[PDB]
Amino acid sequence: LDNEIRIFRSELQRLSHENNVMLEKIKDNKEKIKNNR
Amino acid sequence: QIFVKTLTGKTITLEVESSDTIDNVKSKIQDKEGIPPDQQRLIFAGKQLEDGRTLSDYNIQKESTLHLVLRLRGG
Amino acid sequence: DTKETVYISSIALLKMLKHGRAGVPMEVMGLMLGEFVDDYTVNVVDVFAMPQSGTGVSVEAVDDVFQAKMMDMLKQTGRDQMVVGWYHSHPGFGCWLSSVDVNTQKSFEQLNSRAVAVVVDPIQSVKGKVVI
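Chains as they are written, first to last, in the deposited numbering: chain M, 37 to 73; chain u, 2 to 76; chain r, 22 to 153.
Quick caveat, the hints were computed from the structure, so don't treat them as lab data. Just so you know, not all the hints are guaranteed correct.
Within a straight-line C-alpha distance of at most 30 Å, the following computed DSBU-like cross-link-like pairs (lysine-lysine) qualify [stated by the list, open to error]:
1) u:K29 with u:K6
2) r:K39 with r:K90
3) r:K96 with u:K33
4) r:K148 with r:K90
5) r:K127 with M:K61
6) M:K68 with u:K33
7) u:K63 with M:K66
8) u:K11 with u:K63
9) M:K61 with u:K48
10) M:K61 with r:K36
11) u:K63 with r:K39
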């Protein structure tokens with residue numbers, strides 16, 4: 037199962053990119069409301 | 002030294018080094034352009050220069066480029 | 022220091038009204054692009070909008086980068102030129118300036134000694150007598 041970690045690490049590298057992205061667009065709106073509050 | 006641009010597109014260049022205190026830096030534009038730093042907003046590549054993390058943790062090399070911004074308020 | 026025409030491009034104006042009116046009752050503020058000349062024709066090209074917290078009587082620019090991230094995003098097309106001034110809006114109250122306006126305007130002039138403010142009043146701005 038050597039090819040496992042050579043592969044199933046790749047997806048892990050992806051979802052971190054998927055997480056930090058979605059983590060910010062909410063931060064964007066999270067500040068807007070305070071500007072209009 | 003260092004370069005500084007504007008929203009007008011004008012350029013100003015300062016004589017400084019890696020030891021620079023934002024409370025001291027903000028006084029430099031006031032030395033030349035006559036701006037209270039309350040009306041200031043410096044940028045490095047989308048990262049607003051927070052006054053706390055002094056430039057030693059910002060990789061302000063020689064001949065680096067910045068962008069100055071004025072505050073806007075009306076009523 | 023007189024006789025200073027201020028030409029405006031018609032593509033500039035109607036953008037000044039639309040975003041200058043859609044935010045009504047709360048006021049609104051953006052920027053101008055253009056270019057100084059020797060003394061007289063301080064023209065104007067095109068405008069845009071900084072994000073902002075608008076009230077009926079007061080407003081500031083929240084973000085300090087969307088005006089900087091966009092010029093650098095514009096020159097890929099270069100459809101415009103550098104900055105020359107900034108506008109704002111008094112929705113029903115007349116066309117003038119206030120002690121806040123000067124404090125910010127007083128920065129631009131010492132920054133650049135011909136920059137300009139602009140005032141507009143869309144409510145009483147009927148299909149005839151504009152008041153800009």
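Cross-check of the supplied hints:
1. At roughly 14 Å between alpha-carbon atoms, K29 (chain u) and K6 (chain u) fall within 30 Å of each other, so this suggested pair holds.
2. Our distance criterion of 30 Å between C-alpha atoms is met by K39 (chain r) and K90 (chain r), whose separation comes to about 23 Å.
3. Among the hinted pairs, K96 (chain r) with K33 (chain u) is consistent with the structure: their alpha-carbon atoms are about 29 Å apart, no more than 30 Å.
4. Straight-line distance between C-alpha atoms of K148 (chain r) and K90 (chain r) comes to about 36 Å, which puts the hinted pair past the 30 Å bound.
5. Among the hinted pairs, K127 (chain r) with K61 (chain M) is inconsistent with the structure: their alpha-carbon atoms are about 35 Å apart, more than 30 Å.
6. Note on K68 (chain M) and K33 (chain u): the hinted pairing is violated, with a Cα-Cα distance of about 35 Å set against a maximum of 30 Å.
7. Note on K63 (chain u) and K66 (chain M): the hinted pairing is violated, with a Cα-Cα distance of about 37 Å set against a maximum of 30 Å.
8. Distance restraint check for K11 (chain u) and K63 (chain u): the Cα-Cα separation of roughly 19 Å lies within the 30 Å cut-off, and the hinted pair is therefore satisfied.
9. For the proposed pair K61 (chain M) and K48 (chain u), the alpha carbon gap of about 16 Å is at most 30 Å, so the pair holds.
10. Between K61 (chain M) and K36 (chain r) the alpha-carbon distance is near 27 Å, which keeps this suggested pair within the 30 Å criterion.
11. The straight-line distance between the Cα atoms of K63 (chain u) and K39 (chain r) is roughly 45 Å, outside the 30 Å bound, and the hint therefore fails.
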